[PDB]
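Chemist: One-letter residues, chain by chain:
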Amino acid sequence: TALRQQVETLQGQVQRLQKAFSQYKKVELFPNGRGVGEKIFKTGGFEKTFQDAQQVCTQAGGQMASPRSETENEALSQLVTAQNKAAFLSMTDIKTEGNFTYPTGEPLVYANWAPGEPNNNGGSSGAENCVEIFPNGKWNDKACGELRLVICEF
Amino acid sequence: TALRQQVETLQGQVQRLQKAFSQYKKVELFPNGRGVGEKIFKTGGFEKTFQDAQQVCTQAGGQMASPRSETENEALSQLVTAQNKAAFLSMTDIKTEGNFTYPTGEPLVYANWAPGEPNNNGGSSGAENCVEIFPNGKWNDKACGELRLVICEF
Amino acid sequence: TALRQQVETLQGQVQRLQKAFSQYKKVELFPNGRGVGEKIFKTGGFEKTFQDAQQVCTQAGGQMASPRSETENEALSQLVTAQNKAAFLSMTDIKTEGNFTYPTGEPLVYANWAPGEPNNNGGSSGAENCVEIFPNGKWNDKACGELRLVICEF
Ligand SMILES: *[C@@H]1O[C@H](CO)[C@@H](O[C@@H]2O[C@H](CO)[C@@H](O[C@@H]3O[C@H](CO[C@H]4O[C@H](CO)[C@@H](O)[C@H](O)[C@@H]4O[C@@H]4O[C@H](CO)[C@@H](O)[C@H](O)[C@H]4NC(C)=O)[C@@H](O)[C@H](O)[C@@H]3O)[C@H](O)[C@H]2NC(C)=O)[C@H](O)[C@H]1NC(C)=O
Ligand SMILES: *[C@@H]1O[C@H](CO)[C@@H](O[C@@H]2O[C@H](CO)[C@@H](O[C@@H]3O[C@H](CO[C@H]4O[C@H](CO)[C@@H](O)[C@H](O)[C@@H]4O[C@@H]4O[C@H](CO)[C@@H](O)[C@H](O)[C@H]4NC(C)=O)[C@@H](O)[C@H](O)[C@@H]3O)[C@H](O)[C@H]2NC(C)=O)[C@H](O)[C@H]1NC(C)=O
Ligand SMILES: *[C@@H]1O[C@H](CO)[C@@H](O[C@@H]2O[C@H](CO)[C@@H](O[C@@H]3O[C@H](CO[C@H]4O[C@H](CO)[C@@H](O)[C@H](O)[C@@H]4O[C@@H]4O[C@H](CO)[C@@H](O)[C@H](O)[C@H]4NC(C)=O)[C@@H](O)[C@H](O)[C@@H]3O)[C@H](O)[C@H]2NC(C)=O)[C@H](O)[C@H]1NC(C)=O
Ligand SMILES: [Ca+2]
Ligand SMILES: [Ca+2]
Ligand SMILES: [Ca+2]
Ligand SMILES: [Ca+2]
Ligand SMILES: [Ca+2]
Ligand SMILES: [Ca+2]
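Chains as they are written, first to last, in UniProt numbering: chain A, 225 to 378; chain B, 225 to 378; chain C, 225 to 378.
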């Protein structure tokens, strides 16, 4: 009976927590984050080389963005559009040229290459083994040593 | 009895959640957010026309700021003061000139017009049917096509 | 029995809350925050005098940073490194020259003074009674009237 009073009080605390949490997720993601399913993408609003971006995302507790669907890709395109800066994705063809994989090593389940890309031609930058996403959502292979918007996936 | 052990464990988890949540609300609102009652105002730190600001706030899961009291208005004034940029509020007199309403269509329950305002005179901008808030908290009717600080209400 | 169903449902809600909360802490701290133990440090990304920084942190619900260990100090150094701007710490020697204390008045349990510091010589700024932290983590006594990165502790 007293136990009953305790779980009804827990129900009220839990529901208030859920309400307040729904609100603070929306507050937190405004404006530099987007949620898709269980994933959250968030930009730090600065640019780094691919290598430094990788360290930054891991150190923060996440990883670089691996868009596995149109919906996830659109969310990233929304972030780079707002920031007006193209962002590095997680994927590279470093192990095998022309074959872009996630950092786990599996092949892409989704791809949105711009016309003509990937082309592995960064001019004076040499080969292009990383991937940038444009405001329109399209992808281009870019040299990993370039500076691009950092977006992390959590 | 075992059930008793389970709710006492729930009590501990709930309380730790409440403690950590109180802290992460303060962390999140620092420095671009303010809480007042059940409302949270947060600025994105960029400027947009009223129309674009409306889309941005809705898309993010909220709406534009509708200050219904002195306390809510002060919180907004704190945000525009920090950003040093005047912000659009939610209210317009688009439906009826001189009669400012919330987006629901109800009349203001609170108003803080600067001296002489509203005046519906944006010079070359034409009529003024939206509302900007100044660092001092005072209001001026401004053309909706101007760019002003975006603050959203959640 | 029905009570049993209610606490098992609470267990599921609590665990989902804990999972989502772990994720939104990491999202929130990226990139301007760091957690150490029960503390969270977060920079606002602007500069203020020591006096104004104190007001800002208190008003936000926290206080200025009081690094009490190497780990806490490193977290601050990570924030000023990212921002490329030295930050004020909480400690002053205002009450007694050469004796730096926390705002509670207790002496430092940890210190990381740069070589030669503290020296109480701000040139035209006069005496130096506050403390700045550099990107390398080292400390220098600086005049309290200077503008430095604002980091708050929550
Ligand atoms: C770029 O480089 C990568 C790395 O080598 C290559 O990745 C491979 O892509 C192929 C083609 O789609 C893919 O094969 C398909 O796998 C599907 C899923 O089932 C497979 O994995 C499960 C485990 O999750 C196994 O239990 C299944 O039996 C399948 O096992 C695969 O079998 C093949 C031999 O038939 C073997 O070569 C693979 O190593 C092995 N994979 C794994 C993970 O065990 C199937 O439904 C479908 O029918 C295909 O078999 C394969 O999984 C990828 N390999 C790896 C290592 O991930 C790309 O081929 C290459 N090129 C491109 C264009 O991306
Ligand atoms: C600017 O433009 C707007 C839109 O037309 C006008 O808004 C109206 O403001 C008036 C004046 O304050 C306001 O009337 C007061 O309403 C108070 C609340 O009670 C009313 O609403 C409840 C429901 O919440 C009803 O159950 C009550 O019976 C009241 O109903 C109102 O009755 C009047 C006729 O007497 C009718 O014209 C209204 O449409 C109707 N409102 C609603 C929502 O049902 C009362 O305590 C108080 O005594 C006043 O009656 C009225 O509610 C506003 N109308 C709307 C559509 O929201 C402004 O008049 C106009 N000018 C300014 C200066 O803002
Ligand atoms: C800069 O300015 C400050 C402010 O005056 C001075 O702070 C003092 O530092 C000393 C030296 O370390 C420190 O004394 C040590 O305290 C340790 C902890 O135990 C003391 O506090 C507990 C309560 O938490 C008491 O129950 C203990 O009995 C100790 O009490 C202290 O006793 C001394 C007399 O023996 C007395 O003068 C203190 O006021 C008193 N402190 C308190 C808080 O009650 C001990 O383990 C250790 O053996 C030392 O005694 C002392 O606590 C600090 N005082 C204050 C007010 O915080 C610095 O000396 C000065 N210089 C520097 C270099 O920082
Ligand atoms: Ca390549
Ligand atoms: Ca290319
Ligand atoms: Ca008007
Ligand atoms: Ca006006
Ligand atoms: Ca001094
Ligand atoms: Ca000095």
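Worth double-checking, as some hints may not be accurate.
No distinction is drawn between identical chains; accordingly, a pair holds when it is met within one copy or between any pair of copies.
Unchecked claim - Restricting the straight-line Cα-Cα distance to at most 30 Å, the calculated cross-link-like pairs of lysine-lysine (DSBU-like) are:
1) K243 to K319
2) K243 to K362
3) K250 to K272
4) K309 to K272
5) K362 to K250
Keep in mind that the hints were calculated from the coordinates and are not lab data.
Chemist: For each hint given before, does the structure comply? Return the numbers of the non-compliant ones in rising order.
Modeler: 1, 2
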